[PDB]
Amino acid sequence: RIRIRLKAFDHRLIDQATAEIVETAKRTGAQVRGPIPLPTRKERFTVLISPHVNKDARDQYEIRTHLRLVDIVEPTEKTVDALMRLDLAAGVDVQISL
Amino acid sequence: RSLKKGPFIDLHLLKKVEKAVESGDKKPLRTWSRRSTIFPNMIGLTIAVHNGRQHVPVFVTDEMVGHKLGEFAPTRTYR
Amino acid sequence: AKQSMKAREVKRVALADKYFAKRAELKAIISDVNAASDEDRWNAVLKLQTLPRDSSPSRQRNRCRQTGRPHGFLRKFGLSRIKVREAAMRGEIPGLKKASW
Amino acid sequence: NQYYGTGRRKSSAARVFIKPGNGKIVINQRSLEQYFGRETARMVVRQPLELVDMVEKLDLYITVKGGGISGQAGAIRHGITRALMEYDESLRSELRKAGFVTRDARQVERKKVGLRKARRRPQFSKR
Amino acid sequence: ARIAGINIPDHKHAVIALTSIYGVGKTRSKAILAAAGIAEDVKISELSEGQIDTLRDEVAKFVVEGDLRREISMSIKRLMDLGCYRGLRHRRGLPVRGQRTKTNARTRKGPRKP
Amino acid sequence: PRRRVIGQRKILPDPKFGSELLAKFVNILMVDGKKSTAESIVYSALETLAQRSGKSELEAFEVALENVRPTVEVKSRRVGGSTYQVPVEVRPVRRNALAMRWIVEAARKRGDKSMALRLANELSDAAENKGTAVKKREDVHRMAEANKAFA
RNA sequence: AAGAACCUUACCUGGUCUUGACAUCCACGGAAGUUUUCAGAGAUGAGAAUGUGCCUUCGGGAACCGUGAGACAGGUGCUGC
RNA sequence: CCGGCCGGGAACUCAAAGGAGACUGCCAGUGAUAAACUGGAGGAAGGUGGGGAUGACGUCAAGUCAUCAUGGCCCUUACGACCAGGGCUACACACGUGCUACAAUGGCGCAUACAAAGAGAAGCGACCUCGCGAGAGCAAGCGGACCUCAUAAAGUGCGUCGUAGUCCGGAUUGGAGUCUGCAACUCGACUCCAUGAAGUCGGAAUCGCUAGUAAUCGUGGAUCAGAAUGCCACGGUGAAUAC
Numbered sequence: 005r006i007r008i009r010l011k012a013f014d015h016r017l018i019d020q021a022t023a024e025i026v027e028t029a030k031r032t033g034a035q036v037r038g039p040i041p042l043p044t045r046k047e048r049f050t051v052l053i054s055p056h057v058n059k060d061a062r063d064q065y066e067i068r069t070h071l072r073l074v075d076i077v078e079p080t081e082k083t084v085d086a087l088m089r090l091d092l093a094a095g096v097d098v099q100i101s102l
Numbered sequence: 002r003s004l005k006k007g008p009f010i011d012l013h014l015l016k017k018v019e020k021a022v023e024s025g026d027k028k029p030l031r032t033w034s035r036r037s038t039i040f041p042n043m044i045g046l047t048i049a050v051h052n053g054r055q056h057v058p059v060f061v062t063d064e065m066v067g068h069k070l071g072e073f074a075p076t077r078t079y080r
Numbered sequence: 001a002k003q004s005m006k007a008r009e010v011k012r013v014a015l016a017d018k019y020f021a022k023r024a025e026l027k028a029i030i031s032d033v034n035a036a037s038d039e040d041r042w043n044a045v046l047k048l049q050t051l052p053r054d055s056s057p058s059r060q061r062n063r064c065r066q067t068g069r070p071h072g073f074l075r076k077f078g079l080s081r082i083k084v085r086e087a088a089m090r091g092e093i094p095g096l097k098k099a100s101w
Numbered sequence: 003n004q005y006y007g008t009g010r011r012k013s014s015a016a017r018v019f020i021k022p023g024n025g026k027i028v029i030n031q032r033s034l035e036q037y038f039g040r041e042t043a044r045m046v047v048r049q050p051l052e053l054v055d056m057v058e059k060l061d062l063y064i065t066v067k068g069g070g071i072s073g074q075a076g077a078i079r080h081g082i083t084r085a086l087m088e089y090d091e092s093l094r095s096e097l098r099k100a101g102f103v104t105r106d107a108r109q110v111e112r113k114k115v116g117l118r119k120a121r122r123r124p125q126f127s128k129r
Numbered sequence: 001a002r003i004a005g006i007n008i009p010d011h012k013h014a015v016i017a018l019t020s021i022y023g024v025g026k027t028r029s030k031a032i033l034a035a036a037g038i039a040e041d042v043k044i045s046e047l048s049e050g051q052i053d054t055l056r057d058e059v060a061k062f063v064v065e066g067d068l069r070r071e072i073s074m075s076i077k078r079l080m081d082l083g084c085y086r087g088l089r090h091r092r093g094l095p096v097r098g099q100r101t102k103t104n105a106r107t108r109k110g111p112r113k114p
Numbered sequence: 001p002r003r004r005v006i007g008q009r010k011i012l013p014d015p016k017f018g019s020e021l022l023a024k025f026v027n028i029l030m031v032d033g034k035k036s037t038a039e040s041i042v043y044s045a046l047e048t049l050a051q052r053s054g055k056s057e058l059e060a061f062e063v064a065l066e067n068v069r070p071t072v073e074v075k076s077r078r079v080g081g082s083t084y085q086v087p088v089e090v091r092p093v094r095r096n097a098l099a100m101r102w103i104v105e106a107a108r109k110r111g112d113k114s115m116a117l118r119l120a121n122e123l124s125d126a127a128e129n130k131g132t133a134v135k136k137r138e139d140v141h142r143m144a145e146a147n148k149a150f151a
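Residue numbers (PDB author numbering), protein chains in the order written: chain o, 5 to 102; chain x, 2 to 80; chain s, 1 to 101; chain n, 3 to 129; chain r, 1 to 114; chain l, 1 to 151.
It is worth saying that the hints were derived from the structure and are not from the lab.
Misleading hints may appear alongside valid ones.
[Claimed, not checked] Think about it this way: if two alpha-carbon atoms lie no more than 20 angstroms apart in a straight line, the pair counts; the simulated SDA-like pairs of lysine to any residue are:
{"#": "1", "chain 1": "r", "residue 1": "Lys102", "chain 2": "x", "residue 2": "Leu4"}
{"#": "2", "chain 1": "l", "residue 1": "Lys16", "chain 2": "n", "residue 2": "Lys119"}
{"#": "3", "chain 1": "s", "residue 1": "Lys47", "chain 2": "x", "residue 2": "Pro75"}
{"#": "4", "chain 1": "x", "residue 1": "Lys6", "chain 2": "s", "residue 2": "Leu46"}
{"#": "5", "chain 1": "l", "residue 1": "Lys16", "chain 2": "n", "residue 2": "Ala100"}
{"#": "6", "chain 1": "o", "residue 1": "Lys46", "chain 2": "s", "residue 2": "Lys98"}
{"#": "7", "chain 1": "x", "residue 1": "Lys6", "chain 2": "s", "residue 2": "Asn43"}
{"#": "8", "chain 1": "l", "residue 1": "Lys34", "chain 2": "n", "residue 2": "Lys26"}
{"#": "9", "chain 1": "n", "residue 1": "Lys114", "chain 2": "o", "residue 2": "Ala61"}
{"#": "10", "chain 1": "x", "residue 1": "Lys16", "chain 2": "s", "residue 2": "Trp101"}
{"#": "11", "chain 1": "x", "residue 1": "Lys5", "chain 2": "s", "residue 2": "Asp32"}
{"#": "12", "chain 1": "n", "residue 1": "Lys119", "chain 2": "s", "residue 2": "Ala99"}
{"#": "13", "chain 1": "n", "residue 1": "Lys113", "chain 2": "o", "residue 2": "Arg62"}
{"#": "14", "chain 1": "s", "residue 1": "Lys47", "chain 2": "x", "residue 2": "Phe40"}
{"#": "15", "chain 1": "n", "residue 1": "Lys114", "chain 2": "o", "residue 2": "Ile53"}
{"#": "16", "chain 1": "n", "residue 1": "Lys119", "chain 2": "l", "residue 2": "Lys34"}
{"#": "17", "chain 1": "n", "residue 1": "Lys12", "chain 2": "l", "residue 2": "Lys35"}
{"#": "18", "chain 1": "l", "residue 1": "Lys16", "chain 2": "n", "residue 2": "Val57"}
{"#": "19", "chain 1": "n", "residue 1": "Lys114", "chain 2": "s", "residue 2": "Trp101"}
{"#": "20", "chain 1": "x", "residue 1": "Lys69", "chain 2": "r", "residue 2": "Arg78"}
{"#": "21", "chain 1": "s", "residue 1": "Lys27", "chain 2": "x", "residue 2": "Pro75"}
{"#": "22", "chain 1": "n", "residue 1": "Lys12", "chain 2": "s", "residue 2": "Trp101"}
{"#": "23", "chain 1": "x", "residue 1": "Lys6", "chain 2": "s", "residue 2": "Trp42"}
{"#": "24", "chain 1": "o", "residue 1": "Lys59", "chain 2": "s", "residue 2": "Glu86"}
{"#": "25", "chain 1": "l", "residue 1": "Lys16", "chain 2": "n", "residue 2": "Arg48"}
{"#": "26", "chain 1": "s", "residue 1": "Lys76", "chain 2": "o", "residue 2": "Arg45"}
{"#": "27", "chain 1": "x", "residue 1": "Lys69", "chain 2": "r", "residue 2": "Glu46"}
{"#": "28", "chain 1": "n", "residue 1": "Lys113", "chain 2": "s", "residue 2": "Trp101"}
Whole structure, please, built from the sequences with the hints as guidance.
Shown next as C-alpha cells:
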C-alpha cells in the first residue's frame with residue numbers, strides 16, 4: 005500500500021538509511037518487503053580540462069543516483085505517522101505515496 | 002518557404018507606407034527593415050533600404066512582391 | 001566579464017518573464033486554424049510587434065552564473081565547464097567524482 | 003527432470019532449460035531452423051553436441067535476450083555447456099579439451115576520448 | 001515509342017524508360033503508369049501500341065521537355081531581370097542557397113583550372 | 001614484434017564439414033566484416049567447381065591451391081651497404097595463406113557475372129595452371145631464379 | 001566554439017546616452033507597481049488614467065523610482081616577456 | 001480474447017549492495033640450489049586476466065591576464081554605455097580534418113529477426129483524423145525498470161538490374177510546402193515534384209590499427225527556441241599478419 009521510494013548519491017549512506025527507515029517501521033509495522041535495488045541512474049558528463057586549444061584533453065565525471073523501494077503492504081497506525089516527522093539521516097530524497 | 006500564415010512587416014513601415022500611399026508620391030522613405038516582405042500596394046514607391054552603411058533606393062515593381070526588401074540590397078561588396 | 005553584458009542579460013530575463021509567459025496567447029492561441037483566419041490574426045501579428053525586440057526567450061543566451069561565459073555551458077549545473085570542473089574537484093558538487101569504466 | 007544453464011556472450015543473456023525427450027530445440031517460441039538456422043553460424047549451438055550426441059536424448063527450451071545473432075548463439079552454446087551438469091565433469095573433461103567452457107568475455111572496449119573508435123587516432127599529420 | 005519528344009528506350013522497364021524523358025522521373029512515372037493501368041515490370045519491348053497511346057494521352061498532363069525548359073529559363077531570366085541577390089549570384093556564377101564559397105562550391109563556380 | 005614472441009591465433013573451424021584451410025580462405029574474402037555473405041560466396045564457388053570438375057569441395061580446392069603455391073619470395077635484406085633482394089623459402093603457414101591471397105586478388109578482378117562465379121572460374125583455372133594467380137606465381141618465380149646470386 | 005538568423009557579438013555603418021548600463025555614499029520630490037496614445041530604425045522624448053502597507057523616532061521611516069556635485073564605476077584595451 | 005494479461009514464487013534473466021576467487025597457488029625442465037622464463041593440472045580467467053582514471057624532477061624562457069583573480073601603461077563628456085541593419089557564412093587560390101561514392105561480397109521494391117546505453121516537465125509527448133510527404137488538429141501516460149523518445153541497420157528469402165557512367169553517385173539549380181523562432185533575403189533544417197554533375201579506385205608523398213582490434217552497420221546524449229557529416233558514449237557482424 006505505502007510506496008516508499010528513496011534515492012540518494014552515496015550507497016554506503018543510503019543503505020543504512022533504508023535499514024533504519026525499515027526497522028523503525030517493521031519492529032512495530034511489520035510485513036515489509038525490504039530494500040528493493042531499483043537500479044542506479046548514471047548521469048555522465050565530459051568537459052574540457054583546458055580553457056583553450058588542446059581539445060583532445062577532456063575530463064569525464066559522473067553522478068550516481070541509487071534508488072530503493074521499501075513497499076510497505078498494510079497502512080497501519082504504527083506505520084503512517086511513524087514514517088512522518090522522522091526525516092533525519094539527510095542526503096536522501098524520500099517519497100511516500102499512499 | 003516559411004511563415005505560411007501571412008507576410009511579415011513592421012508597424013512603422015506599414016504605417017509610413019499607408020500614409021505615403023494615401024498622400025501621393027513622396028521622397029524616398031528611409032527604411033531599415035529588410036526582414037519585411039513587399040505588399041502589392043507599395044508598387045511605385047522609391048523606398049531606400051539600409052544595406053549596412055547607406056540606403057539604396059529601389060523602385061518597387063509588380064514582380065518584386067513575394068520577395069523581401071533585403072533581396073535588393075547587396076551588402077557585401079567584392080572587388 | 002563585461003558587467004555590461006551581464007546586466008543586459010539580467011534585464012533581458014526580467015523583461016522576458018515579465019511580458020512573455022503571461023501574454024503568449026497573442027501568438028499561441030490567436031494564430032490558430034479556426035474562425036480567426038480573418039483580420040483578427042492579422043491584427044494579432046500586428047500587435048506582436050507591441051513588445052520590444054527583447055522579451056523573447058530565444059535572446060536568452062544562458063551564460064554562466066559565476067563568470068558569465070556564453071560557451072561551454074551546462075544546463076544541469078548552470079555553470080561553465082571551467083567552473084564546474086573547479087567546483088567538482090574542490091568537492092562542491094555532490095556525487096560528482098571522476099568517472100571511470 | 004529439467005536442468006538449467008545461464009549462458010552469456012557479448013551483451014547476451016540466456017536461459018537454457020534441458021529435459022530428456024525429443025531432439026528438438028524450442029527457443030523463444032521459435033524453432034532453431036527459423037530463429038537463426040537460416041543464416042550462417044547455423045550450428046554454433048550444435049557444436050558441443052556431437053562429442054555427446056543429441057539426436058535422440060534430450061531437447062532444450064531456450065530463451066535469450068541482448069546482443070546479436072552470433073552473440074546470442076554463443077550464449078546459448080555456453081548455457082548448454084553449463085547446463086550439462088547432470089552429466090558433470092565426467093563429460094566436461096572432454097567438453098573442455100575443445101573449448102565450450104571458456105567464458106570468452108572479450109567485451110567491446112569503451113570509446114576513448116580524443117580517439118575515434120577506441121583505437122583509430124584522428125589522422126595525424128606533420129604539417 | 002514516339003511519346004513526348006524523346007523516350008526511345010530499348011530493353012528497359014517502363015519506369016526506367018520514362019525516366020529518360022526530361023520532365024518525368026520515378027514517382028511521376030509510377031503515377032503515370034498507375035493512372036494508365038500499366039505495370040512497372042513490363043518493358044517497352046513488350047508494351048503494345050494501344051498502351052503507348054495511353055502513355056501519350058497521360059504524360060501530356062504534366063509539364064514536358066519544352067514547356068519545363070522554357071519555364072525554367074523564364075524563371076532564371078525573371079530573377080536576372082529583378083536583380084535580387086539570387087539574380088546577382090546567377091549572373092556571377094556562384095551558388096545561391098548559401099553554400100561555402102571559400103573552399104567548396106567548385107561545381108557552380110567552374111573547374112579548378114587556376 | 002621486437003620482444004613479443006607470441007604465435008598465431010586459433011581461428012574457428014568451418015561451420016560446414018570440418019576444415020580450417022577453407023575457413024581461413026573465407027576469412028580472407030570478407031570486406032566490411034560481412035562473413036555470412038563471404039561464406040555464401042565460398043560455398044557457391046565450391047559447389048560450382050565440384051559439380052563442374054567431378055571432385056568434391058575439399059579435394060577440389062587442394063588441387064587448385066598447389067598450382068598457385070609459391071616456392072620462394074624475394075625480400076629486401078640489406079647488409080652494410082647496397083640494398084638488394086634476397087630470394088628465400090617462405091614458411092608453409094604463410095605460403096598457403098599467400099596462395100589463397102593471390103587467388104582472391106585475381107578473383108577481385110576479371111568480373112564475369114558475380115563473385116562466386118569469379119572465384120569458381122579462378123579455381124578451375126588454377127586447377128589446370130592457366131589462370132592469373134598462377135601467372136602471379138610465375139612472376140614471383142621469375143623475380144627469383146634471376147637474382148639468385150645473392151644467398 | 002558542448003552548436004554565428006536577431007540574440008550570442010568582443011567588429012563596421014548609422015542614431016544616441018554620459019558619475020554613466022552594471023555598485024556604494026549625500027540632499028531633494030514622488031508609494032512601488034499597472035493600463036494606454038503620439039513621432040521614430042529603435043534607443044528615446046512628450047504625455048493620459050490608476051494605485052498610497054508592512055511601524056509610528058511619528059521635522060516621517062524599511063523598499064522602489066526622478067535629478068545635482070564630488071569619491072567612483074566600466075574596458076573581450078596592451079603586456080602569458 | 002494465449003498480451004506473464006490475471007492468480008501465484010523468490011528457482012531463473014536483469015537489478016543495487018556485501019563477500020569468494022586469480023594471488024607465480026602446485027608440479028616438470030632450464031637457469032649461479034636466487035630472481036625469473038618456458039610447459040602442464042585445476043580453474044571463466046596465468047602470470048601486472050581485458051579496459052579506464054591515476055602524468056615523476058623538469059624542457060619547450062610553449063598556449064590562456066577572452067573563463068576567472070591580479071602588478072603596472074592608457075581611455076575614464078571616452079578606448080565607457082544603449083539600439084536598427086550588416087559581418088563573423090564574404091572567394092582568382094592553397095592546406096588540414098570527415099562524410100558521400102565510384103558499384104554486382106551491390107543499388108532498388110516487398111516480407112522478416114536479433115541490441116546496449118541514455119534524455120524528459122513553460123519538455124518527452126500514447127491513441128485517433130488529414131497528406132505520397134516533411135508535419136498539422138484533438139489529446140492519455142511520464143519529473144520515470146511501467147509513458148514517450150523508439151521502427152534498429154547491416155543480416156535472411158524473393159523479383160529486377162548485365163559492367164553501362166548504367167536504377168551506383170547526389171552536388172548545383174526554378175516554383176510550392178512543413179517545423180522552430182517576433183522575423184529563415186543576406187543566413188536554418190526537413191519531404192515531394194524536374195534536373196542530374198564530377199567521379200570507373202586515385203601521382204610523389206603520408207596516416208591508423210596487432211584484437212573483438214581493424215574494417216563495416218546502426219542507436220543515444222551534451223550543446224540548443226531551431227540548427228552537425230563534428231564531439232562523447234553504446235551496441236551488431238567481425239578479420240589478416242607479426243619471419
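Quiz item: Quick one, are l/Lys16 and n/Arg48 close enough, alpha carbons at most 20 angstroms?
Solution: holds (12 angstroms)
Quiz prompt | Pair hint outcome, n/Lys119 versus s/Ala99 [Cα-Cα no greater than 20 angstroms] | solution = OK: n/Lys119 and s/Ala99 at ~19 angstroms, within 20 angstroms.
Quiz item: Taking only the CA atoms, is the gap from x/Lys6 to s/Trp42 under or equal to 20 angstroms?
Solution: Answer holds: x/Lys6 to s/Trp42 is near 9 angstroms, not above 20 angstroms.
Quiz item: Has the given pair, n/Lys114 with o/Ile53, been kept, meaning a C-alpha gap of at most 20 angstroms?
Solution: holds (16 angstroms)
Quiz item: Does the alpha-carbon distance linking l/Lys34 and n/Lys26 stay inside the 20 angstroms limit?
Solution: Roughly 30 angstroms separates the two Cα atoms, so the pair is violated.
Quiz prompt | 20 angstroms limit on alpha-carbon distance, applied to hinted pair s/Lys47 and x/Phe40 | solution = holds (18 angstroms)
Quiz item: Are n/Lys12 and l/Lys35 close enough, with their CA atoms no more than 20 angstroms apart?
Solution: Given that 20 angstroms is the threshold and the Cα spacing comes to 18 angstroms, the pair holds.
Quiz item: Straight-line Cα separation of s/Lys27 and x/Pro75 no greater than 20 angstroms?
Solution: violated (33 angstroms)
Quiz item: Does the structure keep o/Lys46 and s/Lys98 at a Cα separation of 20 angstroms or less?
Solution: With a Cα-Cα distance of about 12 angstroms, the restraint between o/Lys46 and s/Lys98 holds, given a limit of 20 angstroms.
Quiz item: Within a Cα-Cα threshold of 20 angstroms, do x/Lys5 and s/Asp32 meet the stated pairing?
Solution: holds (12 angstroms)
Quiz item: Holds or violated: s/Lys76 with o/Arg45, Cα cutoff 20 angstroms?
Solution: holds (15 angstroms)
Quiz item: Can the restraint linking n/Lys113 and s/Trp101 be considered satisfied, given a maximum Cα separation of 20 angstroms?
Solution: holds (11 angstroms)
Checked against the numbered hints given earlier, this structure breaks hints 1, 2, 3, 8, 10, 21, 27; the rest are met.
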